[PDB]
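S.K.: For reference, the chains in residue letters:
2 protein chains.
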Amino acid sequence: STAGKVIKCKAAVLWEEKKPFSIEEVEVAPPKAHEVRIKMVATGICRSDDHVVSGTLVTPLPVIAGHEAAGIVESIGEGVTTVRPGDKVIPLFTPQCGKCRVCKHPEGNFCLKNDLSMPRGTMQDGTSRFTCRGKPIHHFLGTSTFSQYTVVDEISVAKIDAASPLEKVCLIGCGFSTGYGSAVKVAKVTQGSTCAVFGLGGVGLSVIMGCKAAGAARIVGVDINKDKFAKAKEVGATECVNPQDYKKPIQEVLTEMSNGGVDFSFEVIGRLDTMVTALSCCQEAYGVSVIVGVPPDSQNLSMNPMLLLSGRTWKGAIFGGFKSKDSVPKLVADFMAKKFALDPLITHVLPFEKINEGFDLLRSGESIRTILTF
Amino acid sequence: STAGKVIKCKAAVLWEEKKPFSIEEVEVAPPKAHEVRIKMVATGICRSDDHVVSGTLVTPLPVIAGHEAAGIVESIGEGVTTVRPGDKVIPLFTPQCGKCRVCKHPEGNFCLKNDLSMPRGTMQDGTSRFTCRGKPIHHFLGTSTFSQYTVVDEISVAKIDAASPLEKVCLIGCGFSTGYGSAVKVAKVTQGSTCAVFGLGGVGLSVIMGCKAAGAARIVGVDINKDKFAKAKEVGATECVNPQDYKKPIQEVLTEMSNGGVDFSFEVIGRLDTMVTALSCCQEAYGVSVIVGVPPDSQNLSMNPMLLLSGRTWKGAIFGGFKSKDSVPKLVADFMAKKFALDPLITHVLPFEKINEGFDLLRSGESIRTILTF
Ligand SMILES: NC(=O)c1c[n+]([C@@H]2O[C@H](COP(=O)([O-])OP(=O)([O-])OC[C@H]3O[C@@H](n4cnc5c(N)[nH+]cnc54)[C@H](O)[C@@H]3O)[C@@H](O)[C@H]2O)ccc1-n1cccn1
Ligand SMILES: NC(=O)c1c[n+]([C@@H]2O[C@H](COP(=O)([O-])OP(=O)([O-])OC[C@H]3O[C@@H](n4cnc5c(N)[nH+]cnc54)[C@H](O)[C@@H]3O)[C@@H](O)[C@H]2O)ccc1-n1cccn1
Ligand SMILES: [Zn+2]
Ligand SMILES: [Zn+2]
Ligand SMILES: [Zn+2]
Ligand SMILES: [Zn+2]
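These protein sequence lines are chains A and B, in that order.
Here the first sequence stands for residues 2 to 375, where the numbers follow UniProt numbering.
Here the second sequence stands for residues 2 to 375, where the numbers follow UniProt numbering.
The reader is advised that the hints may include incorrect statements.
Just so you know, same-sequence chains aren't split out, so a pair can sit in one copy or run between any two.
SDA-like cross-link-like pairs, simulated, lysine to any residue; straight-line CA separation at most 25 Å [unchecked claim]:
{"#": "1", "residue 1": "11", "residue 2": "374"}
{"#": "2", "residue 1": "248", "residue 2": "339"}
{"#": "3", "residue 1": "19", "residue 2": "357"}
{"#": "4", "residue 1": "355", "residue 2": "375"}
{"#": "5", "residue 1": "114", "residue 2": "254"}
{"#": "6", "residue 1": "186", "residue 2": "137"}
{"#": "7", "residue 1": "100", "residue 2": "258"}
{"#": "8", "residue 1": "249", "residue 2": "120"}
{"#": "9", "residue 1": "249", "residue 2": "119"}
{"#": "10", "residue 1": "100", "residue 2": "247"}
{"#": "11", "residue 1": "186", "residue 2": "308"}
{"#": "12", "residue 1": "19", "residue 2": "52"}
{"#": "13", "residue 1": "169", "residue 2": "120"}
{"#": "14", "residue 1": "100", "residue 2": "257"}
{"#": "15", "residue 1": "316", "residue 2": "272"}
{"#": "16", "residue 1": "20", "residue 2": "215"}
{"#": "17", "residue 1": "331", "residue 2": "242"}
Since the hints were made in silico from the structure, they are not lab data.
Kindly generate the complete structure, drawing on both the sequences and the hints.
M.R.: This is the structure in structure tokens:
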């Protein structure tokens, strides 16, 4: 009996940059054709959400952010075939339309229907399902998970195992899959290799997990916050370095440590300077560097192309290279079979209503992932 | 007999930047342990040699340049086991020491003994075999082929088929292998793909040869000199575009031509701006761009890392990614077995004494490869 009707619920609206979220009532329209309305159960706080607040990641405001989440289908629009009411789902911030050249390519995952490259903050049909104070509110990457209910396009949701613990598997919606995929699928880390991981947050820890899973012999965590080192070691870093401890630039320090440069490096921070540092620290003839961090809006890095000419490979990826709708349910199934751990990422749990405290935790450096429960 | 004696012979000496080569008598010392003295038969004029004249590529002066060549072993130093007097040989401007981490890596070819990264202009032992008017003259890339005789370290020479035509196979010493391997080995061009090739000189044409050999369905040549188009089509380009003919940036043109970006792009010129254009023109989620051209000394490019974050791969390579001493003899054998052609790269054959005229042809846009014959 909410099917076909507007739902009034609480969401965290961001009206302005650099301000707290406003927990307040919104109206959520029912799903149109090929849309899905989801009752949220749990959502994680990803740095990319914070980037919306800071202006690092530009997307139209006002907005309902959130993109790392899981919930339960409340209703489906006309013509939906891939989920039903009552299904456990994870919203897919990178869609999988299944029809575009990228979806059809064996390697590609950054589906042409994404709202990340040139964000509009809408549904696929260019409109919004959200009203607050009588004003339309933008969506974020097609997911908008900081709301008790959201509406997503069908291509931006995956059905997952009905017995899944949603307060854990929400991390498969972003941080875990992004970092793990970046190591295992994008870099294709090899047995016995030396890896350097720049940034030891939720995503960088997942990178580490991926490097360890792939059989790396050495995994060097790099962070200016030495509080991050203990957990990085727990999940597989063999050693951790703080650039602030050294007189020399850290690329030189890592090249020394690795007797001439690492096999694989990862930038999991979002700074221009560290993207160049991470490239430079990989071995000049055969090293691979993967950019994971989201850079500040519209800013260009500067680098010497001789870093590449010698033989380095530089690449980046969204969501760990995973084709999202195919991969997310498999990732869940693998989690249920204990093929990887999510608890090491979860440092704090809060009710949704304490979302701003969650953000304070991230900004302070204290948390890895805070999971909010609805 | 000349073995064990100083040879006085003719060479093309570059006394300073931006000046013609001086053709005159030099003295060539006999080879020391693990060194090989070669009588040159044919040497090609590569743009990288002109980059030494122009200061684009910094290496100590005065110098005997030249790196794309073939000749016949005159004598060997103590300890040499891989060639003997009378052998046809190609000097290897990228060595293969076989002991360094790079030589031992299955993909790597930029051996740590190279003189390209931090040019010293000497033999491996840090001395020179050349004197002219009483003055020591530097080596170039461990090769120095603009001389009737040179001396090279054993790791910088490969024995080739005794029946080889040296006036053709000299191109396996640089231009052909560099382009062909950039397509087949570094990019790993796939069947039915779309490729864009920036720069249609000897190296860009060889890239086209490789993209054709790998089964690309479309090969778009890009050059500002439309005189280069006819030969590019002969060797496999399906269409050629001149950026000066368009009101829009060529990346935009190529993206529209390829219905959302190319599978593989190659920068084969050596300009910072075209390196970025080439990257940008490959499909954002799965495209691969390879830098082949040698950029001007010490200059940085600027780019937006979102070009990589979406999924692009950017890489570069020296000498087509070929491990030099293993590959060069196989390449010559494949040529002898008609697996690829070299004649489409040769536009001019001059005596060595007309070296300057050969360089004027390159600079004027009139030639592809000029081969100088001793
Ligand atoms: N590519 C994706 O799909 C993607 C990208 N992001 C981006 O990854 C970065 C990391 O996110 P996080 O792990 O959630 O972030 P933090 O917890 O803040 O960890 C960062 C880590 O870096 C350290 N650090 C800061 N500054 C430095 C310097 N200078 N040196 C060394 N270390 C440093 C901090 O101390 C901290 O521990 C973010 O950029 C993020 O935006 C995340 C996930 C996905 N994505 C894309 C769209 C939505 N989500
Ligand atoms: N990576 C290596 O091992 C390598 C590198 N190089 C470098 O490749 C570039 C091409 O060399 P080339 O084919 O010998 O050069 P040209 O015959 O001059 O061809 C260039 C081609 O480019 C066109 N052009 C100029 N400007 C433009 C613009 N703006 N748009 C499009 N086209 C443009 C010209 O008209 C001309 O047709 C060089 O940088 C070279 O250094 C070669 C070989 C090997 N190497 C490494 C060490 C030694 N040799
Ligand atoms: Zn798609
Ligand atoms: Zn995220
Ligand atoms: Zn070596
Ligand atoms: Zn060359």
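S.K.: Report the numbers of all earlier hints that the structure fails to satisfy, in ascending order.
M.R.: 2, 6, 10, 13, 16 and 17
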